[PDB]
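Dumping the structure here so I can ask a few things about it.
The complex appears here minus one protein chain, its other protein chains still in place.
So that you can tell them apart, the chains are marked A and B in the order they are listed, and the count of residues begins at 1 in each.
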Amino acid sequence: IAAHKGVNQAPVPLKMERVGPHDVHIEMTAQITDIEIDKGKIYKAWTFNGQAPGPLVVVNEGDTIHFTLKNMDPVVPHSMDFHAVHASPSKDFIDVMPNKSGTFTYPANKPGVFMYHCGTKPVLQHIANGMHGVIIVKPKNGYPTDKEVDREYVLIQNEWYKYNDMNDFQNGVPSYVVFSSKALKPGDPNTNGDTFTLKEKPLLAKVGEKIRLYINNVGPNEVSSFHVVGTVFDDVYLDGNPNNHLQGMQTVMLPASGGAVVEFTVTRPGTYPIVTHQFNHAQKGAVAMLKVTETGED
Amino acid sequence: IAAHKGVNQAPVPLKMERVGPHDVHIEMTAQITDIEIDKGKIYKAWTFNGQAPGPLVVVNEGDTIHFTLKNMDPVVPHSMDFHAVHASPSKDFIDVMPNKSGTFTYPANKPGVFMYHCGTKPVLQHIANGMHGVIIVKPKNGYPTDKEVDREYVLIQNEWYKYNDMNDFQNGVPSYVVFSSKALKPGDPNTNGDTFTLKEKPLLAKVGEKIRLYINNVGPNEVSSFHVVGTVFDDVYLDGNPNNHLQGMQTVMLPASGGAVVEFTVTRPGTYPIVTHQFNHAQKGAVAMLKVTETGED
Partner (left out) sequence: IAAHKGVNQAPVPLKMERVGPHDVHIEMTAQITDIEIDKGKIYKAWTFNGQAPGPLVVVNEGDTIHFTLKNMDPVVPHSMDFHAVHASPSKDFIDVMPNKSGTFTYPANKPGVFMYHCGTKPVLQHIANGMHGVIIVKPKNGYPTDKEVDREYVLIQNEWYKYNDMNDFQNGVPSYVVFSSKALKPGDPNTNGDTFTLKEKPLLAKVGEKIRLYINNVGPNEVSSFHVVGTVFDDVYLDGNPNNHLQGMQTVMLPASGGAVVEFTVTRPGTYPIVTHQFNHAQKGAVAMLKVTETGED
């Protein structure tokens, strides 16, 4: 797109504030940002806020979201679809034109780990170019195993294809499949989908902890066979709904856009890979690391 | 197949009648019929009854089916495998030769949303050419959320490949992935797997309704990540068995041949896309639409 040549819009922080006991404002951008998706490989991504996947959103079950998208792309319209919400797609997930803003309001009444993404046609193009992310909706009544959890992180799986190549997006194997982590608390890492950051700077934990991961496979195209090496998932909640309870899973199958809350115990010091067990995708980048120490520090 | 050149056998209605409190007759054809699978693209499908997927079958849990296949194909044998039934495959799902009929009897003792398909070797060829469909077996005791359901439809996902090309069937990406809808009640649409009909003539509902979809991904080859935009599934029953109960799912993973009953609420007027969230497949046709109005009429 000639109007994207030489464009690299610096990342813009997510803005969020609570405006009532059950109402939250969220303001995001759609913007064009260069991201290093593998060593030496820049992708001029279509993004929310200059991150791909986009910034983490966390709200409470029952919150209505008053969402504003400010479209900084000079030429392509963009939009937002949160899987968390009940909305009219043709009124509430509609396009915002270049250099304009749009505000849409809708409730998040279901707990879980939901994908969000741009919903502008062709949606495959918008998602594959980087416009995907996760919104977590915290359950009003928690999860039954909350009291056992020592530490938590968010991981997202996505693919990258040949740059803005619709043929490849439709018909080609991914070039890269990757994990990123999005921060829940101060100090947690906040990374983009790339082949290397979570290898070189693993997530950290301490021997003996029960870890919770909030996970989503945003695709665009692949399913995920999510596995943590060296452990078994004690508890799994499909899509993050507390009802959807499995136990003792080695591997959790995620559809494209599928989420889960998974919990596992790390019993011994060392480094624990985190994969999709579709090992062609792991080989193409989808391995993160969890470093487990006697103190929880590096 | 030289004997199929210029053949286009007009669709034949399904014939079904109940012959006892727990016994039902079903008569289908195997026939060769031209179907427009994308605009300008005719596929000379191998079909049951001139539909691909084939006609909907609905029976009650505990019904024995006395099934007759009348093979109208001039040269290729065909057969029937219902996933609903307990049967001996090598005695009861056997070939019926051209211009002959066969009758086979077997019980449907399990509630759910089951694939049916031709079982003639090579089965990949028969299924990929169009010989697939759904049989619903209604549970004796219903589903626990029956009283909440306002409106229901059936949707089926399938793929289309290069015409009768076994190499492509085994080794190639689908050319199209599509939804069709099969009628449960008078007035409901009854369509073939194509890229466009359910976009141009959406399924209809009324604001505020709880909709139930009976869904099956008949493949032949792909899994499905089934999602309705703008909503969350309140309840999901895997394979349509009431026991297999999930709640609050954004997306339901279906294996090839996998079924489900899914229920969701449409809260606002507008048009709601229905996708597989494997967006390469959505881009290649697998998007249906649900139009939600203040009255339920267009």
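Quick note on the criterion: contacts are C-beta pairs under 8 Å (C-beta built on N, C-alpha and C of every residue); 3 or more make two chains touch, one makes a residue touch a chain.
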Where the complex has a chain not shown, which of B:8, B:145 or B:221 is the residue touching it? B:221
With respect to the chain omitted from the figure, which of B:63, B:73, B:81 or B:263 is a touching residue? B:81
Pick out which of A:4, A:15, A:162 or A:277 touches the chain that's been left out of the picture. A:277
Can you tell me which of B:102, B:248 or B:259 touches the chain that was removed from the display? B:259
For chain A, which residues lie in contact with the unshown chain of the complex? 173, 223-227, 229-232, 246-253, 265, 267-273, 276-284, 292
Residues of chain B touching the missing chain are 81, 83-93, 110-112, 114-115, 119, 122-124, 127-128, 166, 169-171, 219-223, 238-239, 241, 243-244, 253-259
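Note that in this section only the chains that are shown with their structure count from here on.
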What is the distance, in whole Å, between the centres of chain A and chain B, each centre taken as the mean of its C-alpha atoms? 33
